[PDB]
Amino acid sequence: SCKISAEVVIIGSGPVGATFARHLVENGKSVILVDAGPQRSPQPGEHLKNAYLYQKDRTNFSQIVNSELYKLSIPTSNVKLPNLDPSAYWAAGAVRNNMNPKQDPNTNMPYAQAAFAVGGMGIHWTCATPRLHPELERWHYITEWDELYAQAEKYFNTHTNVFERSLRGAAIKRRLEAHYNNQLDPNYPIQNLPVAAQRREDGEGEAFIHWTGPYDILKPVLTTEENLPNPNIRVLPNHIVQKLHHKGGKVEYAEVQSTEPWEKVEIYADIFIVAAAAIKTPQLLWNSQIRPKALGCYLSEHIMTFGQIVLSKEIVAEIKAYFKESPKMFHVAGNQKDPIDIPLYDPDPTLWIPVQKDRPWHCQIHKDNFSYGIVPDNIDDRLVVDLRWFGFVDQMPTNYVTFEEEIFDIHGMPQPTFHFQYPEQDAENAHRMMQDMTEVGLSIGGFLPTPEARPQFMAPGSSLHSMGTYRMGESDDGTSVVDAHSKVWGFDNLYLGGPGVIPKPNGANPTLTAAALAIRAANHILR
Amino acid sequence: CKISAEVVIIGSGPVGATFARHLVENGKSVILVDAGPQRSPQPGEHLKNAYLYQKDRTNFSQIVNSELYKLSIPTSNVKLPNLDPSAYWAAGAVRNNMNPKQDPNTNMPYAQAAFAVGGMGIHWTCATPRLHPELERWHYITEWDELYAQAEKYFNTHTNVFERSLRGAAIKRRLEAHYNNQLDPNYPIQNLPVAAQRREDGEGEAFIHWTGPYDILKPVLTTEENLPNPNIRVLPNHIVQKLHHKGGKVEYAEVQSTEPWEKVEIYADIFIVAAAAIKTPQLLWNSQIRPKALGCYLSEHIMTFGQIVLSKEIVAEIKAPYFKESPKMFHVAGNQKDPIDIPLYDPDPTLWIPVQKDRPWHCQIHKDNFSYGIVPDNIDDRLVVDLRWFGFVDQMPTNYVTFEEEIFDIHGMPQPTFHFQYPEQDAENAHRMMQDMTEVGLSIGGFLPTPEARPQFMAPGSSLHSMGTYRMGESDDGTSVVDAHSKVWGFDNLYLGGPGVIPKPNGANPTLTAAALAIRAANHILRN
Amino acid sequence: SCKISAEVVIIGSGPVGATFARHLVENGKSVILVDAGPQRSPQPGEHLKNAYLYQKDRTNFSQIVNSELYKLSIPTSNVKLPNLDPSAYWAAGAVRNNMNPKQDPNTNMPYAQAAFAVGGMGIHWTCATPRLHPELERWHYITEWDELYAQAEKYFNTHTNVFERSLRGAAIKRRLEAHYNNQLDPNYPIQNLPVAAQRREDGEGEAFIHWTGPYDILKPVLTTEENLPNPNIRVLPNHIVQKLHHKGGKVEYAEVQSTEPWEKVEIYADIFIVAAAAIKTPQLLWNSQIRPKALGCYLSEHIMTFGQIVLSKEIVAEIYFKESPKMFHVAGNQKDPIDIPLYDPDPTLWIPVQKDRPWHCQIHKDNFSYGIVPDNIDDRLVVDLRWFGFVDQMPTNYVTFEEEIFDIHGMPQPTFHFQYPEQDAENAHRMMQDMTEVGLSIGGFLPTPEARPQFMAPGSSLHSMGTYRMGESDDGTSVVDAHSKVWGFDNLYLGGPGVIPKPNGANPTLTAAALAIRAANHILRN
Amino acid sequence: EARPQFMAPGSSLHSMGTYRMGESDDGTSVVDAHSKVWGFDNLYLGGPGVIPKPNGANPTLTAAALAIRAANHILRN
Ligand SMILES: *Cc1cc2c(cc1C)nc1c(=O)[nH]c(=O)nc-1n2C[C@H](O)[C@H](O)[C@H](O)COP(=O)(O)OP(=O)(O)OC[C@H]1O[C@@H](n2cnc3c(N)ncnc32)[C@H](O)[C@@H]1O
Ligand SMILES: *Cc1cc2c(cc1C)nc1c(=O)[nH]c(=O)nc-1n2C[C@H](O)[C@H](O)[C@H](O)COP(=O)(O)OP(=O)(O)OC[C@H]1O[C@@H](n2cnc3c(N)ncnc32)[C@H](O)[C@@H]1O
Ligand SMILES: *Cc1cc2c(cc1C)nc1c(=O)[nH]c(=O)nc-1n2C[C@H](O)[C@H](O)[C@H](O)COP(=O)(O)OP(=O)(O)OC[C@H]1O[C@@H](n2cnc3c(N)ncnc32)[C@H](O)[C@@H]1O
Ligand SMILES: [Cl-]
Ligand SMILES: [Cl-]
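Each protein sequence line maps, in turn, to chains D, B, A and C.
Just so you know, the first sequence maps onto residues 2 to 322, 327 to 532 in the entry's author numbering.
Just so you know, the second sequence maps onto residues 3 to 322, 326 to 533 in the entry's author numbering.
Just so you know, the third sequence maps onto residues 2 to 320, 327 to 533 in the entry's author numbering.
The fourth sequence begins at 457 in the entry's author numbering and counts up by one.
What the hints contain is simulated information worked out from the structure, not anything from laboratory work.
Treat the hints with care, since some could be wrong.
[Stated by the list, open to error] Derived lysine-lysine pairs resembling DSS-like cross-links, with alpha carbons at most 27 Å apart:
1) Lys314/D / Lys103/D
2) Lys265/A / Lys333/B
3) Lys265/A / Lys244/B
4) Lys294/A / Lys509/A
5) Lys103/B / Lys103/A
6) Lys333/A / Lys72/B
7) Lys333/B / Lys329/A
8) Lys342/A / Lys333/B
9) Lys329/B / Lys220/A
10) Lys333/B / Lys72/A
11) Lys103/A / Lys321/B
12) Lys509/B / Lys155/B
13) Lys4/B / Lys509/A
14) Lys103/D / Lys103/A
15) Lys333/B / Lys30/A
16) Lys294/B / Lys333/A
17) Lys81/B / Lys30/A
18) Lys81/A / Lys342/B
19) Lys342/A / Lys30/A
20) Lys329/A / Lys342/B
21) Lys329/A / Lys4/A
22) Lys329/B / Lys294/A
23) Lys81/D / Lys314/A
24) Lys81/A / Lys321/B
25) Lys103/A / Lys81/D
26) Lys4/A / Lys4/B
27) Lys4/A / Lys103/B
28) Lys314/A / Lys103/B
29) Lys251/B / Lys314/D
30) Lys30/A / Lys329/A
31) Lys251/B / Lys30/B
32) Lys342/B / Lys248/A
33) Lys103/A / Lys329/B
34) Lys72/B / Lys509/A
35) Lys220/A / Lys248/A
36) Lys329/B / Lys244/A
37) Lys342/A / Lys244/B
38) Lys81/D / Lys342/A
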């Protein structure tokens, strides 16, 4: 088909896209959810970490991550190999895919990446869903935070009780409480990190976890009270939305490339929503001739420290205590023992220290699966704990993504170009972040002495917590793209979703927050 | 072929030369032997004194790498998973210091030696601290401060070399504030004492004369007539292989001249082995001299190391010297400026925190040249400071070097084999060492984010501060090789020198200490 | 020190410097040999590979090499670390020492290096001393090649018989002869690589070698027939020559920095000679206000392929210290599992440059910055391959010298603009095809990254040439005449590969020493 | 990463012979030429593991052949 329509159209089936669909469909609207990616599960946007094997080997799921993440601007300008056969052909500054010769590496955001899949990053993410600090992180022109957050947490299946029973979790918390010595605000103690996830109930499979994917969010609206699929929602994988066509602040239709069968498609709707995440969202607007002054400016993420540690002998000593009807699930029988003294089904330590007074940064003491700090395959990953601190990045107009007119990316859309540097003001606190992260690590053991696990700042982009590109404000004056209903200045029926909307430097994992503001916009639409 | 002197000293290391200095200066006649070649016009000159090293510190690490030779390289099971099967392979080579009997997991990988007229004393970083009275010294030596004083004179110890460092100040300020008078005021943050001295030669004040064994020998190498002193003779390229002895009197030394390649017998009234931690016991083992304690109580320092880039705050605080009559020494003129805001001739920060109460470890905040943590060639090394903490290693008989009977090293002497592990007791303190080192680093800036400069424990051997192998005691207890006069149990006229003699866990740089005990032994020789 | 003189002054105690001194002193002149470096042996410019340990472990000597070699232009322009604490201070484009913010990396010569030592590179070099191919490599305005070469080989103690008795040398040569199948020119067969070296005669130390250092070259003129040192020669380590002072084409004196004691020194002489090697020589001129148009132009080296191989099982199958068993490192029950006589002389072969083959092959084992064999691997298993290809001398390739930046000696910072000429490209590729086939005929590749077959980055050859090249007339294409004398000057001469004006593949040192002897005769004659 | 080189064992992903076929219950084979396990009525194997013969080619297509064969053997009775 070539022309199709629904009440509402949502570009991007990320967590945020699906949030809109959930709320909108559930309140009687009809929706088309479009994504440029393929569907990587029987059902749309299932979390891929749910598979048995990932339940058994966490470290391995990093390979799925690497497969999901695609760099957005790769500098090609000056690539020269000093040691190539001179008979052989060479040319620098390739432009193919997300190669970009106009990208200065030194103002780049190297690990600015996206995922193109039904589910976006929400089918690989580590599912951490904290709320923003009332005073230090939230902004005031949103009135009903705790209502939205509550509604968001329900949709995401947020939980704190997943790793509650962790023995390592206890052992650490004890040493950290002792380290800090009641210096922390008692409203924000060391505590269990809230996660979009839940322990299973299915017999002995309670040893395993159902992480939340966009699927989980959509599931309730996907079939009627007859198990036949709900007409009010349709999902279109492998549809690159390239252009929004619009006259005088009303959007008429979306120009979309079906990639199989390869055909142009026009999508008409009463309401349009772009949840294509931090960079691809502005890209779509830029390419639709919609360029508010603030677009792709106030580019912001979290400066991060990371490191891994091997547990102290003291801690290991303090623990020696699932799958009682399956001996072979411990990989030994009779005379063979497991030489690792750490219960194999000990729930993973999954702690956080919030952002608080004097601490504009968000600590996670946990173990999850990322592109970096993968534990080697010949080392039992029970030995290790990952640390990830996230610091405030001030939103600045001199930091931005822009879009070339004569270069295009892998979707054949304006090639993104970054100009980004960490603001000098946040520098002192970033360093404090590190001092903090180290002390904490060395209180629960010694560092994993691999290069890969050394304590270190990540290169820009690594947080995957990009924000501010399509930020909100109170008026079309002070430079913002959307209003507090996440609606684009000067347009009747165009809305955005995603961390890009956030106008306020923070340290916490932004996805839950973003879903809140979406619900807000969605209510605005229902009214 | 056959020659003699009153005294013979095996090894022209710092410790060897100390003996020679004291012994010759008090009227004895000496032959100093070394298996190595002489790497300077004069014997055992320090190679860091060359102009270029004064200009580029980082580069001197390449001389170090050229001086250091691994002692036991495990070969036992080496197999390449991706080699053409047509090609020939065999694991467990035995050539040179390759050792198929070496278990890697009990090895001391960076146990190395240098074979040169000067030993390690022509590349070393010249740090000469004294041992903590209570925590590091032992009591059966009565005259510490006298010996130390005499040793420091010979080594040309000085604290005033980096005193005027601007970075040195900026750091000390931040560290004093960090610690908040938690340190014992007897052992504050202070200038690390070094066998070295600022030059006086016109603008060459901007440069340093580090101490080599040469500097130690210089006074006794010529008479009061500038003719060379007959009472001292130096023999490079002579591998001493065997000491020949009866009922505890040593008659002569069996030596291989390597050029011209001929056997040599060396007769003497007194023999001294200062061949350092492993080669000294090796020589004895091969001379059929094996007290129970030989190469046992193997000990070094467990080390943390890391490098940091100075905080912006510190750099801001420094904007103020040397080479005023040579502008081109700053590498810029006219419109070109040096974008690094740190006076190019600012003396290097060279600080230490001693070992003290509650702190059984020795901190150095400095910049010097070692095999590891070399700063990249494309980075101005003014940006960086090196951190090296040295922790207590408890001396235990289940840690040892032994010597194979059917394998030989590069000198054709019994191949050394290590069995070494850091004692569980020192574990807690080692970790405290790290917590300390990091906090200190992060107080003066951020880490240099290269893999090579990350904060980390060194693999065993890295300290180059090996000790205990030929340790001293009060009695022929079976727990010691030498007595408190550094003389071998059951022998009239055989003495040892070097860190190997130290029987007492410590954190500090041991060379100065070793030179003390030598002077002591030397007096025992003079006064007997 | 402050003011002194000799008949002749020679800047640089490299091989070439010493050659001049040898010839000049031996024919009755008095000279001062100056070097910016220190002396790293009892006697000046002894070869450091002669030490016992290097005789036992070859691969270890690479550490001396790394200690001798110093990069000349290190690009600093844009260095930025993506993952450094923002609290921490940083600044790009440092200028300190041989750091150079004006150096484009992509036109750089990264491994353009020098050594600063009494002896130069001649106290670490691998001592390979071939002659240039009559037709393909020599130029003909030099009339007495074979005379000069002969005299040079005597001074260098050249020899072909050092590795003659090699069992691996045989086993390889057999397989290579079979590979090529009489398709080489029979005038330039597979044969023993000539080396400035000689097997020792000292008892069982015949198992070892006396490599040639500049010392060996100087030795005959260093003492009189009275065992007193020769007044006609003086050696000055640690003296940076910064400026030659000159009026109307006659050089009066040399401005020199003693580095200890740190004092200015003026050196007056009847004749001046700069043998400071490819880049530092032009630097000194540039800084002395002597800038012929051709200076540091026609920059040229060898494009190189390199690789290492593990010997075939077939070869191993096919294959001195009797009075010292312990020199084989085994006794009683322990045997050496490597089936290759431990004192089997190292295979040291070459294939010349010839018709259809403008490149110089070496099948050997020696010590360089690159392809050091791992610590834990018996280096008898390995053979190194080094092919050297023609680099065409072109004026758009050059080193220049910044006016506002200085190096570690406080002299104009060198800046490279260099690329391999397109014309030599197809032959370079042929070089590789050749090198591979040859390797795989005598075994498989050592599968480490470091030993893979590969082109070296520019500079790696250490065979830089053309920077102060010679010609027949003050054409503007040359710095020196065929007597190695600088256009427009009475009494200034240069020495070193920099003089060579003609693309070649062979190891140029011997050649350079020839042209020096020639210049030296020219100096003696008048 | 792109240098010429031998791969470490396994890299081919072309493993074979583990459950190889033969003509008789010789002790040298697991399955017969109909890819059926010696001494079993109704158990069959499939995959490169069945191949008893050193080769160089990409084995998947081959394996699919032998399967079709076994499948016919199953249909026929
Ligand atoms: C990769 C990752 C991310 C992550 C994380 C751990 C990993 C390994 N941990 C997190 C954590 O613990 N807590 C948290 O709050 N976030 C965490 N993240 C990041 C998180 O996954 C994302 O912030 C979140 O997924 C954002 O969701 P959003 O709905 O904005 O969308 P998306 O998932 O980023 O993907 C958007 C979709 O848009 C489609 N797209 C893009 N452009 C187009 C066009 N032009 N046409 C059609 N479709 C388009 C993409 O295909 C994608 O599906
Ligand atoms: C390499 C190094 C060492 C070092 C240092 C930094 C580096 C890069 N920094 C130091 C520091 O800051 N403070 C300190 O106190 N020491 C530091 N060092 C180590 C210091 O140089 C050594 O601890 C000291 O040099 C040891 O002195 P000693 O006289 O004990 O001998 P040596 O230098 O280790 O070598 C002795 C000589 O003996 C000869 N030898 C060995 N075996 C034989 C046989 N069989 N026959 C003949 N001669 C033999 C060796 O050739 C060597 O020259
Ligand atoms: C490093 C190396 C080089 C080498 C080789 C292997 C290695 C590891 N193998 C070779 C081979 O097999 N065959 C061959 O022909 N050459 C090989 N080489 C290179 C060879 O060593 C050089 O070709 C040769 O050494 C160059 O001789 P030259 O006399 O031209 O001098 P130099 O040794 O390069 O350095 C001369 C001296 O000049 C002094 N100097 C420099 N600047 C100044 C100033 N301004 N003032 C005073 N003295 C100065 C240097 O200190 C140096 O000593
Ligand atoms: Cl792998
Ligand atoms: Cl005591």
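Hint check results:
Proximity of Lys314/D to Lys103/D is assessed by CA-CA distance (about 52 Å); at most 27 Å being required, the pair is judged violated. For the hint linking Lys265/A to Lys333/B, the alpha-carbon distance of about 14 Å falls within 27 Å, and the restraint holds. Using a Cα cut-off of 27 Å, the hinted pair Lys265/A and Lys244/B is violated, with the two alpha carbons roughly 51 Å apart. Annotation: proposed proximity of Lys294/A to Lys509/A holds, straight-line Cα distance about 18 Å (limit 27 Å).
In summary, the hint linking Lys103/B to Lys103/A is not supported, as the alpha carbons are separated by about 54 Å, beyond the 27 Å threshold. Note on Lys333/A and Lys72/B: the hinted pairing holds, with a Cα-Cα distance of about 19 Å set against a maximum of 27 Å. Distance check on the hinted pair: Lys333/B and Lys329/A sit about 60 Å apart at the alpha-carbon level, beyond 27 Å; violated. With a CA separation close to 61 Å, the supplied pair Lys342/A and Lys333/B exceeds the 27 Å bound.
Straight-line distance between C-alpha atoms of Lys329/B and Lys220/A comes to about 42 Å, which puts the hinted pair past the 27 Å bound. Our distance criterion of 27 Å between C-alpha atoms is met by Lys333/B and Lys72/A, whose separation comes to about 19 Å. Restraint check for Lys103/A and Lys321/B: satisfied, since their Cα atoms lie roughly 25 Å apart, inside the 27 Å limit. As the CA atoms of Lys509/B and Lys155/B are separated by approximately 24 Å, the hinted pair is consistent with the 27 Å bound.
A threshold of 27 Å between alpha carbons decides the hint, and for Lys4/B with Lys509/A the separation of about 57 Å lies outside it, so the pair is violated. For the hint linking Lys103/D to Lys103/A, the alpha-carbon distance of about 22 Å falls within 27 Å, and the restraint holds. Distance restraint check for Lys333/B and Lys30/A: the Cα-Cα separation of roughly 36 Å exceeds the 27 Å cut-off, and the hinted pair is therefore not satisfied. Restraint check: the Cα-Cα separation between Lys294/B and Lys333/A comes to about 26 Å, which is no more than 27 Å; the hinted pair holds.
At most 27 Å may separate the alpha-carbon atoms for a hinted pair to count; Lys81/B and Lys30/A exceed this at roughly 60 Å. For the hint linking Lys81/A to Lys342/B, the alpha-carbon distance of about 19 Å falls within 27 Å, and the restraint holds. The hinted pair formed by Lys342/A and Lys30/A fails the criterion: a straight-line CA distance of about 58 Å is larger than 27 Å. Distance restraint check for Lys329/A and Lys342/B: the Cα-Cα separation of roughly 65 Å exceeds the 27 Å cut-off, and the hinted pair is therefore not satisfied.
For the hint pairing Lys329/A with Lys4/A, the CA-to-CA distance comes to about 57 Å; that exceeds 27 Å, so the pair is violated. Our distance criterion of 27 Å between C-alpha atoms is broken by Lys329/B and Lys294/A, whose separation comes to about 34 Å. Between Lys81/D and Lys314/A, the direct Cα distance comes to roughly 39 Å. Violation of the 27 Å bound is thereby established for this hinted pair. Between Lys81/A and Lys321/B the alpha-carbon distance is near 23 Å, which keeps this suggested pair within the 27 Å criterion.
Proximity of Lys103/A to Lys81/D is assessed by CA-CA distance (about 18 Å); at most 27 Å being required, the pair is judged to hold. For the hint linking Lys4/A to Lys4/B, the alpha-carbon distance of about 48 Å lies beyond 27 Å, and the restraint is violated. In summary, the hint linking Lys4/A to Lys103/B is not supported, as the alpha carbons are separated by about 63 Å, beyond the 27 Å threshold. Restraint check: the Cα-Cα separation between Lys314/A and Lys103/B comes to about 26 Å, which is no more than 27 Å; the hinted pair holds.
For the hint linking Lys251/B to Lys314/D, the alpha-carbon distance of about 51 Å lies beyond 27 Å, and the restraint is violated. As the CA atoms of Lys30/A and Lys329/A are separated by approximately 48 Å, the hinted pair breaks the 27 Å bound. Restraint check for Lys251/B and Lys30/B: the C-alpha separation of about 19 Å stays at or below 27 Å, so the hint holds. Of the pairs offered as hints, the one joining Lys342/B and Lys248/A is violated, with about 33 Å between alpha carbons and a cut-off of 27 Å exceeded.
Distance check on the hinted pair: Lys103/A and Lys329/B sit about 26 Å apart at the alpha-carbon level, within 27 Å; holds. Taking the CA atoms of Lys72/B and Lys509/A, the gap is near 45 Å; set against the 27 Å cutoff, the hint is violated. Pair hint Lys220/A plus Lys248/A does not hold up; C-alpha atoms about 36 Å apart against a cutoff of 27 Å. Under the criterion of a C-alpha separation no larger than 27 Å, the hint pairing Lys329/B with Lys244/A is consistent with the structure, at around 20 Å.
At roughly 24 Å between alpha-carbon atoms, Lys342/A and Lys244/B fall within 27 Å of each other, so this suggested pair holds. Between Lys81/D and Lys342/A, the direct Cα distance comes to roughly 50 Å. Violation of the 27 Å bound is thereby established for this hinted pair.
Violated hints, in rising order: 1, 3, 5, 7, 8, 9, 13, 15, 17, 19, 20, 21, 22, 23, 26, 27, 29, 30, 32, 34, 35, 38; the structure is consistent with all others.
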